[PDB]
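Coming up is one lone chain in C-alpha cells, specifically the form deposited without its partner chain.
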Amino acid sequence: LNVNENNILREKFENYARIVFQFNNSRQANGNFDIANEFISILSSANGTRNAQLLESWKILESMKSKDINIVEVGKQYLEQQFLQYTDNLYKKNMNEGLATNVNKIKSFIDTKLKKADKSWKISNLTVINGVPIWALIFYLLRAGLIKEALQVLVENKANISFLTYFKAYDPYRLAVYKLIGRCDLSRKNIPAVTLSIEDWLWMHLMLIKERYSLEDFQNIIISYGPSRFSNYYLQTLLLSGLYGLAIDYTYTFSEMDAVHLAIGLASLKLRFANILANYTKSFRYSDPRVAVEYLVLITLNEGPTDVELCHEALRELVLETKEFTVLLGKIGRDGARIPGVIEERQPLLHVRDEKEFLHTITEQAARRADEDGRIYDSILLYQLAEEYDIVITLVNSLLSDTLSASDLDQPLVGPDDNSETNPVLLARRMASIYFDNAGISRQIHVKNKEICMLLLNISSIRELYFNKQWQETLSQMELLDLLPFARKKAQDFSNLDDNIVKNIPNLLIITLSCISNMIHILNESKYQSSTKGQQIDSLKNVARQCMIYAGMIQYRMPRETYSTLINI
C-alpha cells in the first residue's frame, strides 16, 4: 500500500488521519471521544460491499464500548438489537408507521416471512391460535432479546397447550425454543428450518454456549469453515465470536488502511499493534512526518513498559531517517524560546521518564550526526534547540566567513527570495539579534566568537554598500573595522587573526582599493568644486599606498589570482 499512489486513496488517508488526530487530542485532554462513532460517520456515506461490511463492524465495536467485557453476552445483545432494528425498517416500509409496539412489529414480520402469499403457511406443522404461530412468535421475541414479552405470550396461551415453569426461571419453532432454553441436544447444534440468515446462526450458537459447548468450540467451527461459508458476513462473524486478531488479518486482505484503523479501535477497547502502526507509516512517513507522529503516538495506547520503548524507538527512527527537524523537534523564535515541534506537543502521551531529557537527548544526538555528515544548516538548527549557544556562533562564523570569501563582489549577498533559514547573512543576523541582545544567552558565548560574528556582520553590511556603489560610506565602515591600515604592525598581526577573518581580508583590500579608485575619479571631475579637493585625493592615496605595502607583506597568504587583480588597480 502507498497512500500517495492516487488521489482516491490519498483522500481516505487524510480523512482517517484527522480522526486519529482528534483521538490523540481526547486522550491528551483526558476527555470524551467515540472513535467508532467517527468512522461510522465517515463510512455511512461510503459505498460498496466492503464498505457496507466495514460500517457494520464499526457498529459492532461501537455497541461494545464501556460495557462489561463478555464476548458471548455482547454478541447476543448485538444480534438481538440488530434484528429488532431490522424488523423496524420492515414495518416502516410495509405499514409505513414507526410507532407500533415491539410485539406488533414482530408479528408483522412473522406474518410476511411465514406466508407464501397464498395466505398459506410456508412451514407445515405450526401450532396456531387466532391465526398466529405462538412458537414462531415466542422464538422471534427471544431472537429480539424480548424475554419479558416472550414469557407473556407463553403465559397467555398456557391452556391451549411445564416448559413454562423452566422458562420463567430463564413444531419446528417449538423445537428451537426448547432447545435454546433447555440448552439440550447439543450434539445437534443446527435446526435449519427456522434459521433464515447468518445472523440467526451466530445468535443460535451464542445462545447455546457453556452438555458442554464453549466459545473456543464456537470459534473452532467458524475458523474451520472459513470465509468461504460466510459470504459477506465473515468480518462481523470474526468480531462477534471475538476472533479479533483474525478480524484484522481478514480486513488486511481487502484494505490495509481499514485494517490499521479497526486495530486502533479494538486497541482503544483493550482487546503487533506497534508493528501495525509502524508499517502503515512507511508510505506517508516522508511526505507527512506530522501524520506519522500521530499514528506512532497511538502505540502507547497500551501502557506496558515494553511498547512505550517501541514508541520512542519508532520516533527516534522517524527523526533520524526523515530529518524533518523543524517540524518534529521544533524551532527557536525571536524571543529565544523554543517553539515546540509535533513530538513535544504529544509528550504527555509519550510516557517519558524525564520531560526535559527525552527531546534533549534525541536533539543532541541528531546534532553530532549532522556535523559529522557535513549538514551545516541542520547542525546550526539542532545546536540551537540544544541551547548550545557558543557552538552555534562558531558554526555560523564558519558558514558566513565561507559565503563572503566565496561569493563574487559583483553579486548581491542577499536576494528577494532569500530567508534566515537558507541565507548565511540572514541567518547570522537572526542569531545575533536573538542571542547578543539577550544577556542570559550572550554570557554563554565566548566574547571572541561574539566579536568575530559582529565583524562578519559588519563586513556583510560593507559588502551591500559596495555593491550599490556607495564608495565613501563603504570606506568609513571599512575603516571602523580596525583590520586594514588606514601597516607593518597589522601585517605582523595578520598571523594572529582568527582563521575566519583572514580569508576575508583579500576581498576587503579589493573593496577598499576599488572604492578609493572610484572616489578619486569623482574628485577629479571638473564639476567637482571643493576647496579641500586636493587634501582628500592625497588622503585617499595614502590609504591605498599603505594597503599596498600591507598587501605585499601578506601576498602569499591569498591566492595569486586575487593579489594580481588587486595590484592591477
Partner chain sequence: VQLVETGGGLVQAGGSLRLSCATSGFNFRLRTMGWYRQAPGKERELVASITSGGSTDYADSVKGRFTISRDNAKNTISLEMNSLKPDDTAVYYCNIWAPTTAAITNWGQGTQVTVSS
The other form holds:
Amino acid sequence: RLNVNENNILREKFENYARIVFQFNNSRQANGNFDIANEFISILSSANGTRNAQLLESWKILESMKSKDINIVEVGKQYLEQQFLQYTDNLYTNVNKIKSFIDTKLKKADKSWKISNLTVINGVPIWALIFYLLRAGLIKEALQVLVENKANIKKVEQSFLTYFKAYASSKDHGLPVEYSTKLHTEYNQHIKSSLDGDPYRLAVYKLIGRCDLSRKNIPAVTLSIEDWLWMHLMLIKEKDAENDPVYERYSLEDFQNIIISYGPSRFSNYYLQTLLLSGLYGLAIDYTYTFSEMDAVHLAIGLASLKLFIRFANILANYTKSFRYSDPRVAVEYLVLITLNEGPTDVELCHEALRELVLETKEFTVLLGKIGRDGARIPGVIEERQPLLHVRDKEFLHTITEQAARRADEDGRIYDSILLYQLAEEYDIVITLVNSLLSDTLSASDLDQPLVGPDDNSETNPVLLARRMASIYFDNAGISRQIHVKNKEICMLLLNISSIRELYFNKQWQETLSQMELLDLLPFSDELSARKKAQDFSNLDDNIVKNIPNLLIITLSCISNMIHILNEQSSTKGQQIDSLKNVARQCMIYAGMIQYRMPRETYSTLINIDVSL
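Can I have the other form now, the form solved in complex with its partner chain, not the form deposited without its partner chain?
The text that comes after this line covers the one chain and nothing more.
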C-alpha cells in the first residue's frame, strides 16, 4: 500500500535508501567490505522522532552483530553491556566511571541511598559495584573488587569468591555441577530469604549461580527494560547444558515465549529492540510494518545480510510494486537481493521476478540492453547484475529475451520484436522481420508520398532501419553467415526498390527507369521478355510480388513523363520515343497477363497511362 512517488519526502528517502542498496550490491559483486548498517546508522542519526530513534538503535544492534559468529544470546548480552558501559562513559578507569555512576544515581539529595540495606565499605556499595561491573561486561574487574574486599565480607560470602573465580575463568560462564549445587544450597539457606539483605548481593548470586530460576527478576535493581532483558539473557542456557533439567531450566525459547506473551504493551518504546535482541527476527520485521514499510523492508535486508532469517522474496517483490514502471533499474536492484538467503528456491524466485519485470514493464532497453551503432550489444542492468544471480548457465537472459520477442510479435509490436530478436542474436529472424516491414511499407504507402523525412531515424523508419541492418550485419562474417542467402538478397532488392521510389518522388524519370531495369523484374528487354517475366511471377518471393504493381506504375509514369519531355530538339528523338513506347508495351503485355493476381485497380491505372503515350 506504499507509493514511493507520492511526495518529495517519501521520494527522497527512497532514492537515499536505494542508493545504499545500490552500493551494497556493488560491494556484493566486488567482494567488498561495505557495511549497510553503518550507512543506515549515518542517515538515521540525523533524522528523528521516536520511531527513527527506535529504528536507529535497531541498526546499531545489527551493526554490533557484524563479524561475530552469531549466538543469539551472546550478541544480545554483548549489546546491552556495551551500551551500559558507554552510558556510564557518556555520564562521566571503567571501575571509577561506574563508581561515579553509582554515587550519582543511587544516591538521593540527602546523600542517602535510594536502595536500602546496601553493604557500604568506604562509602562504596561494593555489591552494587560488582553488579554494575557485570552489567558492563567487565567480569574480571567485578571479580577483582570482590577479591580486594575479601576481608570485609565475613565467611558466608567468602565461599562465593571461589564460585566467582570459577565462573570468571571459563568460556561457558557456567559452573561445574558440584559448585552449582553448593552455591544453590548456600543461596537458599542464607541469601534468598534474608531479612535485610543487600539486593545487589542477591542479584549477583542469582546471576553468577543461576540460583532459583523460578524467580527471574530482582525488581529492586531492575531499573530499565535493558536491565530486564540483560538479566533474563544472563540466565539462559542451551537445553543440553542444563545440569538439573527436571528441577529447573531456562532456554532461549522460554525467553521468547514470555516476550511474546507480554506483547508490545509491556515493552514501552523498546519492543522492536526487544524482538531483535530476543532473536525474533520475523516478528521484528512484522512489527516494523505497523509503522514504516520502507524501514521494514530494509531492516529485513539487514537481517538477510547477516543470514539471520513475511518471506524475503515477497518482501522484496512487494516493495518493488509502486516503482517497477517508474524506476525499472532500482526494481532490479531490490529483486537481486533475493539471493541473500542463498536458497534452492530463492534463485528461481529471483529469476521469475525478473522475468515478470521484463515482460510487464516492457522496459527492454534498460533491462535487457540495446544495440550500439556498430552492432555491438550494450549490456542491460539484468546482465550487469548477472554475478549476483548465481547462474549455472547466460541462458536465462537469452530465454527471457526470446519470450519477450514472441510476445512482441503476437502483440504487433514490430519494432520491439526487431529489437528483441537482435538482442537474442536471432539474426535471420531479424532480416525476415525487417524485409517484411520494408516490403509492406513499399507496397502500402501511397505512391506519391515520401518514404523518408528529414527527422526520421534508423530505429523507426523502415527504409532507414533496413539500410542500417544491411550495413551492420551483412559485412560481418560471423553474423552474415547466420542469415540465409536469399534473405540478404530480398533485403538488397527491397532497398533498391526504395531507391527507385525516392528517385521517382524526386522526378528523376530517366534515372528511375534505368534503375528499374537493373532490378531485372520487369520486361524491358524485348517482346519475349513479357512472356518470361509473366512466368516468373508465380515464383517471386512474397515480399516482391506485392511490389510489382507500383513498379509497373512507376515505369509507365516515368515513360509518360519522358515522352512529353522529348516532345518539348534532337536527331534521334523519334528512336528514343519508339524505344520508350516499346518498354511500355512490353510492360503492359506483362501486366495484362498477371493482372488477376494484382489489385483490381492496377491494370486500369496502367492502361490509362499507356494510351496517353
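Residue numbers count along the first chain shown, from 1. By rigid core we mean the largest C-alpha set that fits within 1.5 Å across both forms.
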Sole residue of 420, 81, 253, 287 shifting 2 angstroms or more in CA between the two forms, core aligned: 420
Hinge rotation, rigid parts compared between the two forms (°, from C-alpha fits): 14
Residue 435 CA shift between the two forms in angstrom, with the core used for superposition: 3.4
For residue 193, CA displacement between the two forms after the core is overlaid, in Å: 0.6
